[PDB]
Amino acid sequence: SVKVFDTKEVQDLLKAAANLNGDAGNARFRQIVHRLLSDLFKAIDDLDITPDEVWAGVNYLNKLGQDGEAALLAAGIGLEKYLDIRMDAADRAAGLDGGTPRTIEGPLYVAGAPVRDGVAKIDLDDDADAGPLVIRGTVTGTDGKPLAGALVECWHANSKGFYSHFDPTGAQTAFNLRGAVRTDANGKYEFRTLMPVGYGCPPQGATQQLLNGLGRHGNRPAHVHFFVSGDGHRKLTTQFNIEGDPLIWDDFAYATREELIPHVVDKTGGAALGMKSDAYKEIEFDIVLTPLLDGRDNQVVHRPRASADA
Amino acid sequence: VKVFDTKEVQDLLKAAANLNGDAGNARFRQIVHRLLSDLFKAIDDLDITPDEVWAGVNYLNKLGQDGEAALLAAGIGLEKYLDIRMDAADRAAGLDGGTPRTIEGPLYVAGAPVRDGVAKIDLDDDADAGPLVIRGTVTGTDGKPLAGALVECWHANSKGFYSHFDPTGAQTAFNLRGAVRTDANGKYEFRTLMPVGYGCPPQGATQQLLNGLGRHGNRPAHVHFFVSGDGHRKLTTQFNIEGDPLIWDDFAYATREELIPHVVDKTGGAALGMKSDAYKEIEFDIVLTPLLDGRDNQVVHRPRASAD
Ligand SMILES: [Ca+2]
Ligand SMILES: [Ca+2]
Ligand SMILES: [Ca+2]
Ligand SMILES: [Ca+2]
Ligand SMILES: [Ca+2]
Ligand SMILES: [Ca+2]
Ligand SMILES: [Ca+2]
Ligand SMILES: [Cl-]
Ligand SMILES: [Cl-]
Ligand SMILES: [Zn+2]
Ligand SMILES: [Zn+2]
Numbered sequence: 002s003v004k005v006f007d008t009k010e011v012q013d014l015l016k017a018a019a020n021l022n023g024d025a026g027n028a029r030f031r032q033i034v035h036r037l038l039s040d041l042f043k044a045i046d047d048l049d050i051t052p053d054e055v056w057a058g059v060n061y062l063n064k065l066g067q068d069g070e071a072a073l074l075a076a077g078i079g080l081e082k083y084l085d086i087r088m089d090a091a092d093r094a095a096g097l098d099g100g101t102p103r104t105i106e107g108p109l110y111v112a113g114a115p116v117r118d119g120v121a122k123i124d125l126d127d128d129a130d131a132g133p134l135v136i137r138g139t140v141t142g143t144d145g146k147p148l149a150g151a152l153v154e155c156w157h158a159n160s161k162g163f164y165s166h167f168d169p170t171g172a173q174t175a176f177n178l179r180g181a182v183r184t185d186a187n188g189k190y191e192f193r194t195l196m197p198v199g200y201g202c203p204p205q206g207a208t209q210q211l212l213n214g215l216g217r218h219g220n221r222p223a224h225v226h227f228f229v230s231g232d233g234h235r236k237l238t239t240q241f242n243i244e245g246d247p248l249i250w251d252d253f254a255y256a257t258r259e260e261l262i263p264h265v266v267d268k269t270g271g272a273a274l275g276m277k278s279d280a281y282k283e284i285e286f287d288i289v290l291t292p293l294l295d296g297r298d299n300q301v302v303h304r305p306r307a308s309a310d311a
Numbered sequence: 003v004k005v006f007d008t009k010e011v012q013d014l015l016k017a018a019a020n021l022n023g024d025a026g027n028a029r030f031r032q033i034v035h036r037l038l039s040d041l042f043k044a045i046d047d048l049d050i051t052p053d054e055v056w057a058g059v060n061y062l063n064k065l066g067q068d069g070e071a072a073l074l075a076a077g078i079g080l081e082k083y084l085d086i087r088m089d090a091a092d093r094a095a096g097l098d099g100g101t102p103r104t105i106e107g108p109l110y111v112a113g114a115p116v117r118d119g120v121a122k123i124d125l126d127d128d129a130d131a132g133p134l135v136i137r138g139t140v141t142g143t144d145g146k147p148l149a150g151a152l153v154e155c156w157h158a159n160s161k162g163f164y165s166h167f168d169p170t171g172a173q174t175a176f177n178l179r180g181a182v183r184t185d186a187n188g189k190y191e192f193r194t195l196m197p198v199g200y201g202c203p204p205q206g207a208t209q210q211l212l213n214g215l216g217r218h219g220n221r222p223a224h225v226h227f228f229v230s231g232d233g234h235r236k237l238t239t240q241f242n243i244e245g246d247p248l249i250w251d252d253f254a255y256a257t258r259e260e261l262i263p264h265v266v267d268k269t270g271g272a273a274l275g276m277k278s279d280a281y282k283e284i285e286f287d288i289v290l291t292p293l294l295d296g297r298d299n300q301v302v303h304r305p306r307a308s309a310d
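Protein sequences appear in the order of chains C and E.
For what it's worth, full-length UniProt numbering labels the leading residue of the first sequence as 2, then goes sequentially.
For what it's worth, full-length UniProt numbering labels the leading residue of the second sequence as 3, then goes sequentially.
Since the hints were derived computationally from the structure, they do not count as laboratory data.
Every clue listed holds true.
Below, in silico cross-link-like pairs of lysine-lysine (DSS-like), each with a Cα-Cα straight-line distance of 25 Å or less:
| no. | chain 1 | residue 1 | chain 2 | residue 2 |
| --- | --- | --- | --- | --- |
| 1 | E | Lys282 | E | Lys161 |
| 2 | E | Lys277 | E | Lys189 |
| 3 | E | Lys282 | E | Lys268 |
| 4 | C | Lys16 | E | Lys43 |
| 5 | E | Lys122 | E | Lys236 |
| 6 | E | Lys16 | C | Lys43 |
| 7 | C | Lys189 | C | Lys282 |
| 8 | C | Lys236 | E | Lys4 |
| 9 | E | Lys43 | C | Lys4 |
| 10 | C | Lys161 | C | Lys277 |
| 11 | E | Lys43 | C | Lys43 |
| 12 | C | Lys4 | E | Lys236 |
| 13 | C | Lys64 | E | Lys64 |
| 14 | E | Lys189 | E | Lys268 |
| 15 | C | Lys43 | E | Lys4 |
Model the full assembly from the supplied sequences, consistent with the hints where possible.
This is the structure in structure tokens:
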């Protein structure tokens, strides 16, 4: 095995490829590209990665983007969780760690859902195998005062593990199991929905192909996603997990947190609330938001996100 | 903040790569763990933000949707780097005298018809490209001509486009692509038209990254070759058209000084079946390296297009 990485020829090639000695441009982008390319070249040298192996990796990247699954792989190999770990460490150093814990967004948010005052019913399609579920709570600041007019958004899967706008078996109604609620004067929000089921990666897709290569499964336990925002506060990205799911501590995207597994309560009286059975489940999920530091939210994330019209 | 060295992060990497899993593909897990660890460390060291990361994730979607991962591999020098490591291995083994290798590029098409000695490979009219004869002798490093060696070439038209990859309309199958078996004296000949340099698809992922770096995505005019023969390794090489202003500024870093032959002006082209009496001739002799104990330690298997 040869070792060439630390030769002038290779180091000059990397400088040229990243255009380090180029005219005034995007120095930050060039710095990132040079670092990533240098690390890749060094890894090839150290592990003696063969051309056949490299071209197989190149081919996988083609499949990954052809499948549109780069963000699913980002969750599956722990990169999305890692970003949360770094955000959590920064919050702890700054004293901005007093709110409800964050966890990963995942790749399935859809913008444009209808907004209701106080209460929203979000199961637009019938799903005989999912039972009714009420999610409710109060949004407060870290000082405990209720936040009125805060925006609570949630999205989750049906009983087959599919989300509206991403269902391969057939179109769901737009924004099925997706809603937004403006909290009332006392900070309260409530969703009436159906119970989600966990799901697995598309089995022929690039993410499952790599997981199979590693010997890992690509399943998530049942969960519900939230964004919560409000004037004067940071935007929270979080979720909760459904108690009792066998995969709850074996999520392929490493997203479960012990503080985000709320007690599920058995209730009756569902028909009066517009649910399809007398018996239903209720999950209380309170939210504590952190005030902005210096008037700016330095952890809100901009990424490509789907959108639709109601 | 710096979190890379923490137990939480190192445990996450071990789980993500399944290092502690049942017996499996140990080599694949090793590579994945190394690449993931390096990525995580780079994010920590350079304080790469979530917004930046998700832009990079979005780029990977576009790269694969465009089918351009191998074009990017050329443009950021990874393909040249693979050649650098192969060259270092050959030097350490004491090999010299062979025609230098250079990059394959991503545009080979398998299945071209094989002709004896001479092949006319310009099937489509191209008014702006003049006639070109490429000819030469294939030998081994002992200087002896190799008879029945397989010489393959492919190159672009006057618009910079290759058959099977032309966005402006399908070319005839195997236009400007051919394969010849050398004659008893090692000789091969292609009758073709003069290539012009290739450029990246302007709206594609490779050119988008290059624009962000402030780089061009252009290649000087060149002709690709595969050359193979009994008792010898398979050679991947090319030559460049002398005098091209980009000859030492290839965005894929492929030029080598021994692969720039002289171009000669000739007459008599009609008798050779060329479209005009005046034509250009390039004599490109090729020297193959022998096998080692029957083995070829540098032939590359990668996905390649095909046609009939
Ligand atoms: Ca390193
Ligand atoms: Ca209904
Ligand atoms: Ca197993
Ligand atoms: Ca109703
Ligand atoms: Ca010698
Ligand atoms: Ca013709
Ligand atoms: Ca045409
Ligand atoms: Cl998700
Ligand atoms: Cl090429
Ligand atoms: Zn989800
Ligand atoms: Zn080419």
